[PDB]
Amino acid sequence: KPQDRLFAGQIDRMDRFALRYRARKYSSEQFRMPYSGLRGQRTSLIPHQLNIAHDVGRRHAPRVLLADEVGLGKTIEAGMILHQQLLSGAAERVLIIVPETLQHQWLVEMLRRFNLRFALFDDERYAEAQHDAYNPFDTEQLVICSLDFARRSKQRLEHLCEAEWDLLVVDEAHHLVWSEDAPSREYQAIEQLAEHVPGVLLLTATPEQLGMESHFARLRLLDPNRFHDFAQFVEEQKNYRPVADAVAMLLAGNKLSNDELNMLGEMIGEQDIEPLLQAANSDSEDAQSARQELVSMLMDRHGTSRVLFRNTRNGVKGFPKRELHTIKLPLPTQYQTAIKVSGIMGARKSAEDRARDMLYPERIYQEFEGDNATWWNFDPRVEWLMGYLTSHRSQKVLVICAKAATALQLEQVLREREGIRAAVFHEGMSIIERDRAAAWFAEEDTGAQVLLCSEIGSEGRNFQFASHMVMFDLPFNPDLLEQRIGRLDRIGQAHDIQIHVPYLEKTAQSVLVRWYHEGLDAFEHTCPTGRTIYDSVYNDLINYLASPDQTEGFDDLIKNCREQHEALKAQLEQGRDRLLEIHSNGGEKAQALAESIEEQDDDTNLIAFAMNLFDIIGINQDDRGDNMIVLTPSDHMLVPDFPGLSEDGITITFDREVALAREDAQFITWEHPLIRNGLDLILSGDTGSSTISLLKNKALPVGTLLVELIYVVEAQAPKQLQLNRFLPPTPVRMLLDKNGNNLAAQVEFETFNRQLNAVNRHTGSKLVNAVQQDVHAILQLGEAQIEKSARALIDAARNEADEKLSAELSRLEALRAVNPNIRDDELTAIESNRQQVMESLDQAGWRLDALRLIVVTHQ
């Protein structure tokens, strides 16, 4: 109790009493932020992602299937939901099941994007953990593992289902093949998992132009009672199709026949549809408002969109356009001889592999003219690269080639013959090396102009500043082609993408140039036709690669491929479930959500307080200069070791854009662990809770007594109840006088704190005991007043709680009457939470947390 700490002669500093109150004030305001758990993640503020996170992340025991189109943010939405439920206390134990080849990607993603360190569980980890616990999976709160690891023994899968996970995440759930009569031994292991875990997130793809029926096998796992018969689900999807068609006619700018519109009327099962129905269709002045309320009611009756989210690249805006630039170069004679040697020596090998050689002329001239053959002197592609680079020196250029060997040789030549700064970015590099290259390439104007990448890594960091891409060569299959473009074709880029493809005339590359552009239209547009056509055309296309000399018969392959492309394109556009796409991307409300967070992101109090907090704790803050502070410990640190700090130091940034370019730095927000740790460090300890201070004011009597009192109103409830939305620990300042009159409302904290000053150890010590009978008599005066202020907070909180928590229960009740996806558990959870919160609010108390004594002098 802080007064007994001050009575008994413990007098802390006056700048630590200042930080302590600011911390309780700031923490209180942030707990109540509307979009808590949605600001600390190291991502762009993309609406369609944020919509899913907000919708799903706030549910209780969420069970969802994320089927967003590839490249839309399936894994980002997954981590956001995790970040929300973990920060809100809704979840504590999480299990992510990933194919082993993807385990490392998830480990780094969850750590750098969401500040979540998962423990990877392999056989080694599992064995050493069997000794440490009855259930091996009780030793870690957050665990990644593979389904093959999970399925190894039966005794192992039993421990997993008994580990009491709050949430489960399964990546690539489409690899789970399921027959109604014969489920695979893998599908049987997951269904057993999804039955022992309340919340379940399923990430999947719906490729090869199939319908939502393929999803039933997984939808069956989320809500087994809603989805219990396959055929009925098929019947439903066929019968829902006309509405989607008619809906698709409306917003496209068509008139809707009355016969058509009495199928939309059947979907929304009401009787007063007609007046609202026609204004949206007659195109009167307010047809805009009649369409938007019309569509909204339609979505609430959709059979799956509440439990299935599928954003397409057509239902989402923001992606940059992609423009192509092709350059036809003379095939140098040194290669012509080099390939004919492979021709003769290529006696016994399939056209499949014969064509694999013809792809890269550079790397067969290194087998017949000896390794390291100086191919960088006659190859026109190199000449074009230099010329292009030296002419656009102020542009960041991503240069992608097939193999790392060619990339390393290119770096050396661009450096040693044109003074071009170029970092190599291949997969063999470690994580620190790639960060080093990404940093150099991200330097605004003094760093690497070029990033020479081997066949690109799979969906790593964002080069939002780069808008130019060069294809030094082209891969065989069209999936890697779209993957290369993927590192740039993302929401949040600076400008549109310019693709430059310098290709040697009359070679396998020249073939792939025409096939990709004329046939599949794969460079400038994103329609996923490539793979289907690639399979239907393989053996023909191969021969034109293994021998680009035989040119006749080719030009018809191209128009045949483009015919397939347009046909495949057409079939997909007519399969769009535009209702599901609008519900997935969140619509207009979601873009509004994205901008509120974009505005909270300029919090300067956060940076000022962080500097203030870090400095008190004793953390040296060297400002390197480019919006990045380097934090290092000191001899004057206040604690043995701080959770996040290491002696080698850490880089931090408060700017969301710098963070996206420098993933090696910590993105500092109110939700970042550094702040939450330092906050707890102060407010858990009791330093800064009791001090004395002198005031120099000519306009007051000597020896007058002001007592600054920081009470704290608190509720005692498990964090699972989320009381912090309505009543977190909230400070109540009071500046009492000798008669118990409160002045705090008139005397703001900062200005008052400015004009105050401390004492020396001795004089202050008994200066307190000079009025120990007085200050003690001052406290009970406020004791009767704090209870008035305390009950004021409680009552307002109970109003704010009962208001919002009943509004949510009403909405869920409205949906259950109109939608089949609302579970019994959901409505029960809200009801149980409303009662428990109002109960925990009726039991809130107050306490004296901090106390600063004031004595006026005129000396």
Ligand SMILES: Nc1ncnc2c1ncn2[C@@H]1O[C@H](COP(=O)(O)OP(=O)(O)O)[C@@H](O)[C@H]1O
Second form
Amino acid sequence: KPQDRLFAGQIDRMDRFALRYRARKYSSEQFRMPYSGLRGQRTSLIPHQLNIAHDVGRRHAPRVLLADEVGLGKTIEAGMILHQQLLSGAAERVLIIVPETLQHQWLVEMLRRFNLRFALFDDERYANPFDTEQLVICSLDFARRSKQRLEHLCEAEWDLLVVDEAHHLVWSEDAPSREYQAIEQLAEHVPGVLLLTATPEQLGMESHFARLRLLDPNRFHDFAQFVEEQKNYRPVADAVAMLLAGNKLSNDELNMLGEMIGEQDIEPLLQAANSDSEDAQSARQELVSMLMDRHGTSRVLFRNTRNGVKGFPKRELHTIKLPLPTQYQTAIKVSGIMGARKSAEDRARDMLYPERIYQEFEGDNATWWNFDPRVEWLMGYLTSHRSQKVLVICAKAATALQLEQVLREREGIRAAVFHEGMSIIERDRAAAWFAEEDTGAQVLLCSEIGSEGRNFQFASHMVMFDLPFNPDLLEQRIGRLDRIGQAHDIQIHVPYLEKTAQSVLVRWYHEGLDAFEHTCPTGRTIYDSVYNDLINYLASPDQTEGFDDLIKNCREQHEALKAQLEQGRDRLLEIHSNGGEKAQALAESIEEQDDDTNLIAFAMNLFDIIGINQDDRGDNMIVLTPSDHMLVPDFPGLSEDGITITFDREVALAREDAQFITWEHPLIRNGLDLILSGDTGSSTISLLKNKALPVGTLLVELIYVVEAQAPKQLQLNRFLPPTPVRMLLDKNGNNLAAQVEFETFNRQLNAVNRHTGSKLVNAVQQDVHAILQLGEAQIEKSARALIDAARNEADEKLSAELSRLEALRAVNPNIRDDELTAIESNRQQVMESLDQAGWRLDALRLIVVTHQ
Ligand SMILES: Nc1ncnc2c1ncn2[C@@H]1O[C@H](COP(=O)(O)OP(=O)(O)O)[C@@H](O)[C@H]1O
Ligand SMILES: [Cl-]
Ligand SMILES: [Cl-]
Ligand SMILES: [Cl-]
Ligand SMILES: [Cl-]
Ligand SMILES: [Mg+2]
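Given the form solved without adenosine-5'-diphosphate above, I would also like to look at the protein as it appears in the form solved in complex with adenosine-5'-diphosphate.
Full assembly next; the chain just shown is listed first.
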């Protein structure tokens, strides 16, 4: 094929040949690396997250509970797992079931951090229809709405299922939820399952066990036995955990340990660890790993905690008590007198957002913002903090929009607005404007959706124009800025109107739950426990008999539950969930990759040759725009509006509007596919100025490709991706390639006029044919060596992993049958597909020695 082009007179420019060869070499090498699938995401490199993702993401059909505490990165961990599985080919179809109001947050996270475009399925967009899309997000309610729909989902042949906030799957002996039942049915037909929930087990042990049974109903079949085994385990594991903290062990703990591990002699290991010797610490970390292989929830549950990971800011509450204006006092009394009585909730909501009462009787569009002291306080705060990036949160979009107008007209400060009525692209623009340094918006006004999952590293100040109606929404608001890696303490300003539901609720959240300044896993439990009572205080804030006691009771419940949670921590599992030194090393290794000058040089040459225009902005960023004369009509991922790119991870994290270019980015992969599936650079001729060789000497640079045809799911690329084999032959068939390195030789060559070129080739066409014949014999030898080596490394690696899981099963009940059968079956189909591998000539460059 490539020789046919050359002789038909079709001669590419030399630089195209070099680009083609580099593209093959690079793509064949970036497939066989340990951190593959953990580079391309727009995230910081946090060890505990990478620990989970690298462990879970490389398994066959992962079935796990991701139970990290709030803010630790359960969404990011799920993303890295999906990213790895979809890049490697282990998965192709993914379903993500989330709570109703979280769909857009997930859609943006998957696309903007993992370059994965999920299709949103709801009833408005579609009143089976799931074969249409490979990546689907929908709500839990949507998925369980009808029995027809559920069965549609089960038969849609999903590879992986992700269920966010899985504590909504509630179970009971006599009436499990519809939610639970729906996931129970789906989990039987999807091989891989990720359940995400931070809910501590002490608040629902039974439901916790039910979720584990969704993952492995075979192993998790006896609630009582499971609890008993965990209870007997804690004594062992608590001590060992106190040893990784360096408090030496007893003689009691030493026989319990020798027994807990009867599969081998650990007397040396124990003698070391339980002593003040320089070999004591490593003896401890190894013991910890042995205990975790025997853990009851080993391999299935990952629970990192904020106490352990410790990268989170302090939270500081600043309340401002403001006088209640006569206009609102009047409206409250009028409503109590002339009021068509409403629900408890609706009266409370009226008292929490008093502008709603005022608008009811003065008509909507009444200028509440002209006398509401919260508005005046906000104007004052913002005009004296003009250089502070401030996140301002209201419950309702209409309130945020009304504030934007006031702030602009009365003080000339332009705020970005963020609410669910706006399109994704509209929120993208508002987000970029708020993130813009020095020239951008100083304020982001949000409805209850906050800032979704977008990072504003520079924002540490938050104003709650009003308060949310329940504690889950409160923590979600604070979680917009209380994020891992935020250095500056969060200042939470709460201006509130005295003698209203606002003052009641601010006191309840703060004094009852301590929910502002400390992350509160107790909030929902206490709220539901006192709901009726609290709602009446909110509905009648001027009738507060017994409120002081409610506060006292609620705080006592909060402290009691906090104590239970502290006492019930599995501190061994917490340590093991962070990943230790192996996880730190994995993060360090990925970061070493990041500084890849090869990729930057390759990508520029690639885009240039494809025909994409490149404008440099100086700030580690470049603007890419389509051109008239590009290799293809429309390059996927490239709009006529252009795209901003960066190759630097820290820039990409600060500029969420820019693409983060890595070997794993679709632009590179699409770019490689374009060049390598086509003719570009496959046929050329060059001159070599060299007087130490006879003039007219002919050299043929041959690039063969060795590749095995197989389904992507087999993941042959781990062992034999399409691999180039470069030969450099003379007339006698001597292959010089082993001692003539490609780059050094490539530099020594000269381009030649294409017309003069096609004349040189025709003059030596027959010599070339003979050389090509000599190459075919040598490629068979080379390809057979490459193939046999890969077939053997597949044997070694895959048999090694099957042995590792069989050895784990001897001590661990959580290794599943289908896991061992999957490795076994894959080791077989991989070896067979390689022994059908083939080769072909991909490119050639003729080289003619001159002396001139
Ligand atoms: N490694 C990371 N790099 C960048 N952003 C991160 C990282 N980890 C978490 N975040 C951000 O922190 C926020 C919380 O992440 P998330 O996974 O939703 O926490 P949760 O465990 O409560 O579900 C999100 O906005 C996410 O984008
Ligand atoms: Cl992988
Ligand atoms: Cl895929
Ligand atoms: Cl006032
Ligand atoms: Cl942020
Ligand atoms: Mg979450």
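Numbering follows the first chain given and starts at 1. So that the term is clear: the rigid core is the largest set of C-alpha atoms that superpose within 1.5 Å between two forms.
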Identity of the moved residue from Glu595, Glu195, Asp626, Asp535, C-alpha shift 2 angstroms or more, core fit between these two forms: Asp535
C-alpha of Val424 moved at least 2 Å between these two forms on rigid core: yes
Rigid-core frame, C-alpha of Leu520, shift of 2 angstroms or more between these two forms: yes
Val108 C-alpha shift between these two forms of 2 Å or more, rigid core reference: no
